[PDB]
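Chemist: Let the sequences and hints guide you as you build the complete structure.
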Amino acid sequence: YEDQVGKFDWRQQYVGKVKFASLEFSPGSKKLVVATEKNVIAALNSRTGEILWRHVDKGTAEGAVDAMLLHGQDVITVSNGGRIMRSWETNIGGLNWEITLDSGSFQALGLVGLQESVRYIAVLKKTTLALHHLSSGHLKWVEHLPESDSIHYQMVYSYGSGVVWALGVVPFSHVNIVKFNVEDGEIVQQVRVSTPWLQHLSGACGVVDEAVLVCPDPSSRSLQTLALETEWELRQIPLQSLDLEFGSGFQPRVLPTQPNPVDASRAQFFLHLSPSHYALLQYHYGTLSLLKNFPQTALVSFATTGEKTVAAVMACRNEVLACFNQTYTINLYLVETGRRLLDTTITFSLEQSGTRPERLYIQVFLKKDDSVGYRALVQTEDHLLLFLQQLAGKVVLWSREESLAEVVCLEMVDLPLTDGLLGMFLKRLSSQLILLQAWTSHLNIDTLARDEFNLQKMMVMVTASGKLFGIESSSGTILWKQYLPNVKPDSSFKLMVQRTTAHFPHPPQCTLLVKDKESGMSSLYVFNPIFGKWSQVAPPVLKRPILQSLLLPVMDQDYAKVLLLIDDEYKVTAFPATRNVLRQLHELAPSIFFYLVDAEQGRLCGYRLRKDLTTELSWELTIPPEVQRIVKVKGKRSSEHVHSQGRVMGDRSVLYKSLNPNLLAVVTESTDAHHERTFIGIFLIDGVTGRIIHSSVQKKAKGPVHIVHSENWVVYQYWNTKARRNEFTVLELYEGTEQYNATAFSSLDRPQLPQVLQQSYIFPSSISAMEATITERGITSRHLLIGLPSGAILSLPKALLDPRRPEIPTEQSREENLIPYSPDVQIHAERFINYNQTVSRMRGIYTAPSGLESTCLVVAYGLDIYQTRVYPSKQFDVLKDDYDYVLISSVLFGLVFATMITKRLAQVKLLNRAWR
Amino acid sequence: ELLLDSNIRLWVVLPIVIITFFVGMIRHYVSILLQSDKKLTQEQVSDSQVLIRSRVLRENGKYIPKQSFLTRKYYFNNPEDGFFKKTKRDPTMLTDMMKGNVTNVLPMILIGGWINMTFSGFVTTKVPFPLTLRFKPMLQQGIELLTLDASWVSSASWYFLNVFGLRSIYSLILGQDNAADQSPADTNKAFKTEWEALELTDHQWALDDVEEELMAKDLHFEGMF
Ligand SMILES: *[C@@H]1O[C@H](CO)[C@@H](O[C@@H]2O[C@H](CO)[C@@H](O)[C@H](O)[C@H]2NC(C)=O)[C@H](O)[C@H]1NC(C)=O
Ligand SMILES: *[C@@H]1O[C@H](CO)[C@@H](O)[C@H](O)[C@H]1NC(C)=O
Ligand SMILES: *[C@@H]1O[C@H](CO)[C@@H](O)[C@H](O)[C@H]1NC(C)=O
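Top line first, the protein sequences correspond to chains 1 and 3. According to PDB author numbering, the residues represented by the first sequence are 23 to 342, 366 to 463, 478 to 502, 521 to 993, in order. According to PDB author numbering, the residues represented by the second sequence are 5 to 93, 103 to 196, 211 to 252, in order.
Calculated directly from the structure, the hints in this document are not laboratory data. Honestly, I wouldn't trust all of these hints.
Stated by the list, open to error - DSS-like cross-link-like pairs, simulated, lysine-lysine; straight-line CA separation at most 30 Å:
#1 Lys149 (chain 3) x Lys951 (chain 1)
#2 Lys149 (chain 3) x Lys734 (chain 1)
#3 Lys565 (chain 1) x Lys439 (chain 1)
#4 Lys957 (chain 1) x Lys42 (chain 3)
#5 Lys149 (chain 3) x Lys957 (chain 1)
#6 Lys980 (chain 1) x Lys43 (chain 3)
#7 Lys149 (chain 3) x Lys875 (chain 1)
#8 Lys980 (chain 1) x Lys42 (chain 3)
#9 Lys139 (chain 3) x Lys986 (chain 1)
#10 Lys875 (chain 1) x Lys139 (chain 3)
#11 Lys734 (chain 1) x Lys139 (chain 3)
#12 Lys986 (chain 1) x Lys42 (chain 3)
#13 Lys139 (chain 3) x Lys951 (chain 1)
#14 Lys986 (chain 1) x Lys112 (chain 3)
Modeler: Here it is in structure tokens:
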């Protein structure tokens, strides 16, 4: 902290892919109300695209937004599958009323009107319908629709008539409609019609004009209609009479509108005949007419300026499916007549490739000349928000990358660098003249260079939407973006730095390993981590599903770290797998061991590496899934160092840490979820010989467990069900007073089981993410970056979590300066590495060693992404920011003159004394 | 190793050296400026010079024949002659001398303390030899590290080493036996001890054998030109 806000740290707030959006607002209100797939309800500034008020929710589906509506100035939302309905004041940025609802799967939501004004909400669940007041949310009336045990309701309609229309269908069979009254709610009427060809109502059918139901029928290429106000039998109109046809293997849709719930719907509506094809149809008393046909158009949208409806149609400049260049034009068409608006065409280009717009929400207003001026928020396929304004300059207003809401993996890449003695002297003196000339002469990804302290790196981020980003670690800006086509949401990623920027003759090179979960096939993408472009080195095609990957420290000739993959057939594939690489890893084969942790079966296997690139069953253990399921397999970071091999115990003696570099820390939960019988096991299984160093099982405890594994110790936070309190438990591994094998450490040559020191602390809050502070040489003290749900980042000193803290202080403890054991761990607000930059729904904390020895770079990723530096040792090796230059220089240059003056004084006094 | 900040050199290493150098010069110059000779009356200087003559006589009366020497002895320490017998006789000075003695080290320690406060929290230099771990609490004042090598030193001990290594330089440039470093009242007893010493002394006329030791070798004469 130290009140130097914004000097080094930066936070970016990211919401997820925009599931539901609302643009309709006052022209001066300049607000967007959006609920995303991340359970987040937020308000975006229309002008610049910034958060006004953001309300995240539970990450699980138990707070998922299911339906949004806007009325006047407050937005009404439904969450938890219709369980709760809330009203949010868009201006203040808070709730207005929160009401829980009854059981039953929600199917349709709508509003009702008495005579001219909407005042109640009609919410329909698969078995019932409910009315709630707008003023307070009080339930008006609940009616169980008849026969609903068989029908599935799909829509709700009401308008100024003071009645409620309910519609339900049964697949490939008859459908039913119910008339309720807003005043009471009783079943005013009920009708049923036969729809043998119908599948579902919401996706296919629609309702236009005066509640007239319209189902597009692709079986007969027609438009089945039912004048729902009066008609009791569906009518049919073929599209051939209107010169229209449906696509093959597609579900045509119908898009009506309703400028305000009180009035009836507009007669005109859209029909999605086939993909890249739309029609405008105007229903008028049993017959319909084609207003305008839009071929090769991706997305259409409707808007109302208050009196007239406006349709926005999206298509690229010239089709080449796909589109020639990602240049999409949106045109305005009046809804009263299928006529394109004048001077309203917008044209933009999508930066990425393989990405096409997915969602389009437009907001309209009256210009000075009464011309419909509109803006368009378009979400692409790769979860990117673009705000397009009509005026040509800056055709995009604010481009928001919501995709970065869900980051899977990220890495920090260093920036690029900025025989005879006579020959040596000649070149050295030449260099001297060159440097002298350079000094005397002193009288953006293009120029990217490494800092002096290496404190400014570049973060290569991977997003489950399959998107790769390059973000400057200092400013947080994006330097390069790439997209991976066809990446499933649940795919597993793995990013590896094959070659850093310290090899100027060779390009930097990183490898990302993705693995589709459903198929099992894994692929390797090699790219320059600085520029983001795929390397020309074609990665091998991983034919078989793979299980694990290793980044061997051995490097190819071009300083590319060898990467090994173990496939499903337990074979090993190398990369680059050249002759030199093949020889090196074939010659060093028996010293390479894989461990595969099958969590489903509770099995651990450890395989050797044969000379001929084959694996053999070296060791195998089985934790029975019937009583224990593996939940964490946290091993120690490979890229860390230990400064002090042993520790001073006082007494002028040393206690040796048990530095096992092949030590797993497999943490498993108890399959018994009872609050009194649950337990959490931690096994310190070795990674080579498979030996379980320790097999601790904490009783009466429950997950989730957040474990950090470091040089020697492990720290795993958990929940204690017996006392209902989050608890830590530090396990420190210590060897004897004298080291067993020094020169080198081998997991096959450790017959002495290391002693374990344990201690359980109480944490007075929850947790969201943990990660130890890592330094280049490990000299700087270790800190745990506790991630609280609140968003803060506690910097807990590891020295506090010592298990050797005695319960009663003694002379040995005082000599060693050991604090007496205190089961309570403080959450002092002064320890947070962030002040108020809370990272809502924190997902992980990345710690980078950086340069120097006191500064560790921190990137907390979750919904928001925040970056800073931490000084676990108070930045001991850097000049203080409050140095008194004007004092040191002043004393120096007021003391040199003092020295001169006092020398003169001494001379004068000596002369006078000599002469007397 | 450690990538130390370059600015630690330009603002914490060199300024310490400059400060030490010029503080030594200032201290020496202030010392010579402050020194004022105390007024001495005729009697004290007279008796000091008299005992000086007596002692130099005791030292080298060998180049004087025996009778002259024993006449000197009679004059100095002998009842009949009378000499050496009828020859005898918070305060500001203590505070002044105590302050003068104190100002040779205490200013250095105060400067060290001021530097320790001013330059607390740094790592100035790495001592190129492996110091013991037990010296850590004082070499690395202002550093929170635990596993840091003892060879890394804070500002205070670096200043101490600087002030330790500059006395020879002071003698080199300022002049020999400079005052920038770190480190008779009673005549009656003096009269009696001179009495006893010159009583104990004997005579050996060194000229008793000069001629014989001169006749042995010819007189040096070259270089007459
Ligand atoms: C809240 O966060 C902001 C942004 O990080 C902090 O920024 C400024 O801090 C200075 C501190 O003197 C204030 O004077 C400014 O008004 C802040 N700017 C804002 C709030 O926009 C701010 O300090 C943080 N506040 C707290 C209490 O941590
Ligand atoms: C489209 O054209 C623009 C302008 O030439 C160009 O910058 C862009 O890369 C092109 N392609 C895409 C996919 O946007
Ligand atoms: C360690 O074990 C190896 C054998 O594995 C042995 O040769 C060596 O002497 C032992 N000690 C050290 C310090 O390496």
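Chemist: Going through the earlier hints one by one, which of them does the structure break, listed in rising order?
Modeler: Hints 3, 4 and 9 are the ones this structure does not satisfy, whereas the remaining hints hold.
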